Amino acid sequence: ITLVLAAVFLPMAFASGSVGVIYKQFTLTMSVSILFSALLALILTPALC
Amino acid sequence: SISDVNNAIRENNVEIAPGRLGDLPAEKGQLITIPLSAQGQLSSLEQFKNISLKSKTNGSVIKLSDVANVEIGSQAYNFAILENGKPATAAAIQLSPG
Amino acid sequence: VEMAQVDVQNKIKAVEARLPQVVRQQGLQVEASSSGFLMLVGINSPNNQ
Amino acid sequence: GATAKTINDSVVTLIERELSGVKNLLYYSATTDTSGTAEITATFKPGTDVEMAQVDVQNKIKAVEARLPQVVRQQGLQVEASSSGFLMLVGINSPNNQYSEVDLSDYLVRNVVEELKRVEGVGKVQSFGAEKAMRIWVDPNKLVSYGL
Amino acid sequence: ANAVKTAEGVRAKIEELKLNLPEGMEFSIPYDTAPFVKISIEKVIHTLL
Amino acid sequence: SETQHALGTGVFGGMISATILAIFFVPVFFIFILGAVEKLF
Amino acid sequence: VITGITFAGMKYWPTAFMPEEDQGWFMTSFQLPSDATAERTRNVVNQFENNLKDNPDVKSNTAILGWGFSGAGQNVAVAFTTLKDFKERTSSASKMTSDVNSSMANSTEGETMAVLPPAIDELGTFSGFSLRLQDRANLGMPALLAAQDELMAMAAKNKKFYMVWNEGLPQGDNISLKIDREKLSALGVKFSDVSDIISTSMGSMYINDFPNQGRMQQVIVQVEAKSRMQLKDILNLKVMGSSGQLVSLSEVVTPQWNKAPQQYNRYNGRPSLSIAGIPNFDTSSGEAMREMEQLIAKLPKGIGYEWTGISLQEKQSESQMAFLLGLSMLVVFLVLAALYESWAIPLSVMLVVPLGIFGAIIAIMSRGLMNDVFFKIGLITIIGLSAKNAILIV
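Residue numbers (the deposited numbering), protein chains in the order written: chain R, 445 to 493; chain L, 199 to 296; chain H, 100 to 148; chain D, 51 to 198; chain U, 297 to 345; chain Y, 987 to 1027; chain F, 544 to 937.
Watch out, some of these pointers could steer you wrong.
[Stated by the list, open to error] With a cut-off of at most 30 Å between alpha-carbon atoms, the simulated BS3-like pairs for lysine-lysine come out as follows:
| no. | chain 1 | residue 1 | chain 2 | residue 2 |
| --- | --- | --- | --- | --- |
| 1 | L | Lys254 | F | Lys733 |
| 2 | F | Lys841 | F | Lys802 |
| 3 | F | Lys769 | F | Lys733 |
| 4 | U | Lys334 | U | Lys309 |
| 5 | R | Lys468 | U | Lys309 |
| 6 | F | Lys858 | D | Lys73 |
[Stated by the list, open to error] With the Cβ distance kept under 10 Å, some of the chain H side facing chain L (calculated, not the full set):
| no. | residue |
| --- | --- |
| 7 | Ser134 |
| 8 | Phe136 |
| 9 | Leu139 |
| 10 | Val140 |
| 11 | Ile142 |
| 12 | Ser144 |
| 13 | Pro145 |
[As the list claims (entries may be wrong)] What the simulated footprint calls covered on chain F by chain R, stretch by stretch (three residues with Cβ under 8 Å from a Cβ of chain R suffice, anywhere in the stretch; the number is not a length):
| no. | stretch |
| --- | --- |
| 14 | 868-879 |
| 15 | 922-936 |
It is worth saying that the hints were derived from the structure and are not from the lab. Even for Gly, the Cβ is constructed at its ideal location relative to N, Cα and C.
Okay, chain R solo, but in the shape it has when bound:
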């Protein structure tokens, strides 16, 4: 789930024009937050629980 969710936003990030810039702005946060969520879930959540 984490990999697919982080990877579906990559293609739109490479579009051309201003819409491409808007897509890049969205994708940065969307992908990085979910990757960090995957890291947190695999690392901290089990011990904390």
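Given chain R's structure and the hints, the job is docking chains L, H, D, U, Y and F onto it.
This is chains L, H, D, U, Y and F only, laid out in the frame that chain R set:
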């Protein structure tokens, strides 16, 4: 002297400067502003052949045709072309490196 | 070719200050060409008008 | 000394062609009016480096500069990167009414414009006032009578 | 460039010039778009929390 | 409000439809694709 | 069937780029006729100030007279009107723009158009669709200007266009003085005198600087404003010859009137004029551009159009959406197949995203919101969400 001819050609072909009517600052109550121009350049051959020049000896004005022949011709006569022995004109096309 | 032309223009504007005023007024043309004709295009007058 | 049509015939078309070939160019346009100046604009593909675009444009202008007329060269050509959108308007009002528009304009141009244009991020400061200068308003009727 | 920082710098320079302002002249900034920026972000954060 | 609506309405509807229809259909899709699988083999 | 309905909804519903916003200010542009002096423009701006001071939402409106975007002259003016903080308002900027547009079309003896701030900061100076009408066959300036008039005639009647206009200086009448050299020589006056007096009749002349209060300030010589208002003053200028008499300019000149474009624009190397418009309510930006293309198709030969600024990016956004969706759906397919090393799982994951698109499409149709970029990000997000739903079960 050639200086006289050059000066006459300079002055009679003058390129008057464009201007405008009713430009700022303007009077109170001005409602119309219109660009205006004045043509001061010689148009064709006839005017150039008719350029006035003051002659020292006689004391009366003469015309450019008196002291020169005015024609229309190539700016430079350096180069010529022969396509198959028949006069013509040509231009050479070169390509940028790469 | 573009890099060479820009370098040459840079070195000419570097030396441009030392050149005579008369040379400067007309200007100096820097251009990249091949010094070889590709074709000749002409306008003939077969009717001789 | 040239009208809109004259300045368009003389300079704009000459500069346009060489500018047409810059890298990452998106479109290029030109504007001419009776103000006496040309305004060519080169828009570049989004994401392009502004400094690189400006230096490329200057390189292509100095490449074509040699072919331009002497009168165009003398005044010089200004190449600048701006946004064509106002961020703010800074003015100097006279609520007490001591100073008229001329004094406000001269103070703003002499003092405020130069100080503000140094501040970081200011692409350009467009002043809507003019410096003081001595104006001689000549009555033409007296000139001919006096023989001048 | 950043609009908020440039506007802050311009206003700071104006404030500096309010020291030497001759009597009878008053600085004004009738039009300014920088102030909008913050109010936008602060709404998004409100929708965030 | 307009910008937030343009970004929220579509995602809300898409999530609602996706989940509600998927809980019913996705097993059917899996079974049918497996059916095509043994059709191949 | 649901996939088919989803595709139909994808294709049919109109599209736009960005939603409009109330950013706390609006911009009014005044473009009077070329004959207009600065006094008439000041009168129009004063009417705008009077009509806005009454409103309680106007914090401050500042007017720049003599300068504007897309043109500069005595018949051009701009005005930036700010509005009080949002919580302390009883209206929206769109309503104020509509009211000011209505009043000024009612009576100002000029063209005034009030616009909202641009959708994006620096894509354009106002919100709307922008176009460049170009002469692609050397048809001539007046032929393209007649094409512009024809296009505006059709735009006015159309119900999908609130207002459409030309964002540039208008035409103008010009005067030309042709000197008669034969009579000038007959009366014994040199052409140089006439040329000089014309040159120094209606223009400024910078001579040199002088040292005022520690700075070098210009010295400019010009004729009095009382002697350059009408053509009579110019034709009453007198020149001395060698005959001991004065000749007026009228004696050796003949005024000739002409009507010529006052401004010259070019775009991508073709003579052009720049057009602007707003999409009417019920009409999205995409639909307005579509109909404006349809109406341009019915124009003389050699006349073309090019979308610039916001319009170009809007067209580009819809010119790649299919490719973006296909690439996203291929990327997820390949990633899932590689991760799970099976073919049934990725295809089964694909058999659900039609439903995710269906839900968003039905929701946007229900609420009436158009297809825009934010909707596209929503579609991309829902692709991954539906992938996550299909994975958890398969």
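Hint-by-hint comparison with the structure:
| no. | hint | verdict |
| --- | --- | --- |
| 1 | L/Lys254 / F/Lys733 | 17 Å, holds |
| 2 | F/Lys841 / F/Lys802 | 27 Å, holds |
| 3 | F/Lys769 / F/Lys733 | 27 Å, holds |
| 4 | U/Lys334 / U/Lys309 | 21 Å, holds |
| 5 | R/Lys468 / U/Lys309 | 35 Å, violated |
| 6 | F/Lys858 / D/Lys73 | 22 Å, holds |
| 7 | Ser134 | 7 Å, holds |
| 8 | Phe136 | 5 Å, holds |
| 9 | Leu139 | 5 Å, holds |
| 10 | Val140 | 6 Å, holds |
| 11 | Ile142 | 6 Å, holds |
| 12 | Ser144 | 7 Å, holds |
| 13 | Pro145 | 8 Å, holds |
| 14 | 868-879 | holds (count 6) |
| 15 | 922-936 | holds (count 9) |
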